[PDB]
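So this first bit is one chain, no partners, the form deposited without the ligand, shown in structure tokens.
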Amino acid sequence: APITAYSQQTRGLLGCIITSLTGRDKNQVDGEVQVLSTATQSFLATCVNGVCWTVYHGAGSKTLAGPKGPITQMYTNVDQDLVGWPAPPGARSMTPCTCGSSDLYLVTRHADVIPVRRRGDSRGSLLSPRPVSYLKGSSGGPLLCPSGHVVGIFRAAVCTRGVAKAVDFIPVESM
């Protein structure tokens, strides 16, 4: 692929449950994509223009643990399945695509970078299909064009019989 990615974990359980409860995260925040957890689920946020964006089926209407206590959504749009918090200092903010490319790259929670064919405003097909369990936890993850700009964030897999062949996504125009 043309983009590479790696993860670095920042907390595990005890730190997780304790920080959701308290709402204060003193950790140093880095990188273009935040890995997120709540009690029940796991998902991604993509930093675009100073907003951390993720899927409403994952964050609900929750605050995001921050340096100075819990951070309030500044964007909450249930039908689009989109929410937005002002990104914490440290986040690497990315930029909206304008090249209109149809070669896209999905970045997953594991930092794989997998090729996607843009098919509509909000649909993209996996060039090589994957098991759906491999995309699990990756909602909110970025779809990249080949110069590394946001075309959208990952919403849901389209899957028959446990293999994922396409993906719905929230097109960055929505953000």
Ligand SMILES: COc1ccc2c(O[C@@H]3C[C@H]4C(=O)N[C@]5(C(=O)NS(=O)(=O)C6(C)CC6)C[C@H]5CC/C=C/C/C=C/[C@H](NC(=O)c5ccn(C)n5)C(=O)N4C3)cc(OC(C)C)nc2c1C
Second form
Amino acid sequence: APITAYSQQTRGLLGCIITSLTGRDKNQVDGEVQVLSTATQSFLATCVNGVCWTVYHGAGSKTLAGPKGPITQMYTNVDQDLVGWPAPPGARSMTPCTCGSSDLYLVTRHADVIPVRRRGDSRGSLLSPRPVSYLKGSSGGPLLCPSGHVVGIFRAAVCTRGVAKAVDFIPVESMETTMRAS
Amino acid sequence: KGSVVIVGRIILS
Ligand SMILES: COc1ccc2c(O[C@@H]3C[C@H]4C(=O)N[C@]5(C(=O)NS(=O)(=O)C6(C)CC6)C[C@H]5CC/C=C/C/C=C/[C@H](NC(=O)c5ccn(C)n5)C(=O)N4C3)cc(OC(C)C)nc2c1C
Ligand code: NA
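With the form deposited without the ligand done, generate the form solved in complex with the ligand in the same format.
Below is the whole assembly, all chains and molecules, this chain first.
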């Protein structure tokens, strides 16, 4: 009570680079949320129903390093800024949110879980404003119901003068819409 | 041009 989270680092800088080049990652994967990195950027992926979902503005068209080699995206939708890869073995897959609660939580890359009030299909307000610097690198992180089901993934921050009052996210309905058209 | 790489994970309770 309530939802809590913690992070575990699995890779160093040099291992990251090499894995980027071979596309081979033999590590045990675990957790609901993966911490991801490219040469220039870090961000998050949320595993929902066997797909690891993240933002296009983080991952572009890239493969994900995997045990059998690089994994090709099974879903790429650029205009909604959503991509997904079939979830590697061991990723804990979450449940889409049904009930419709407007009381949400955003899980950041620092594994903080922060209260968000849903204001619309794709938007929610931070109950406490945070500096933009604190949210950076959290795109792809989950927005959750109090029960722990996923309502969407973090896309962009609404901010002024380095302070974010609200967040824009990709609703889990956009994901199945992609799983429809694709 | 490299792959995206999982460098960590977050465990939810
Ligand atoms: C309304 O839909 C949107 C909204 C924003 C998008 C986008 O935003 C681009 C990318 C996105 C962004 O930075 N998202 C965040 C982020 O952390 N990205 S990240 O992890 O650091 C990263 C870098 C490695 C991926 C969550 C924000 C944290 C703090 C970042 C603080 C400063 C930036 C403010 C900006 N906010 C907005 O642009 C905004 C807020 C509300 N509206 C209407 N627009 C914003 O959040 N972003 C600009 C990129 C993109 O790229 C695609 C075209 C491929 N598509 C977007 C789409 C579709
Ligand atoms: Na925490």
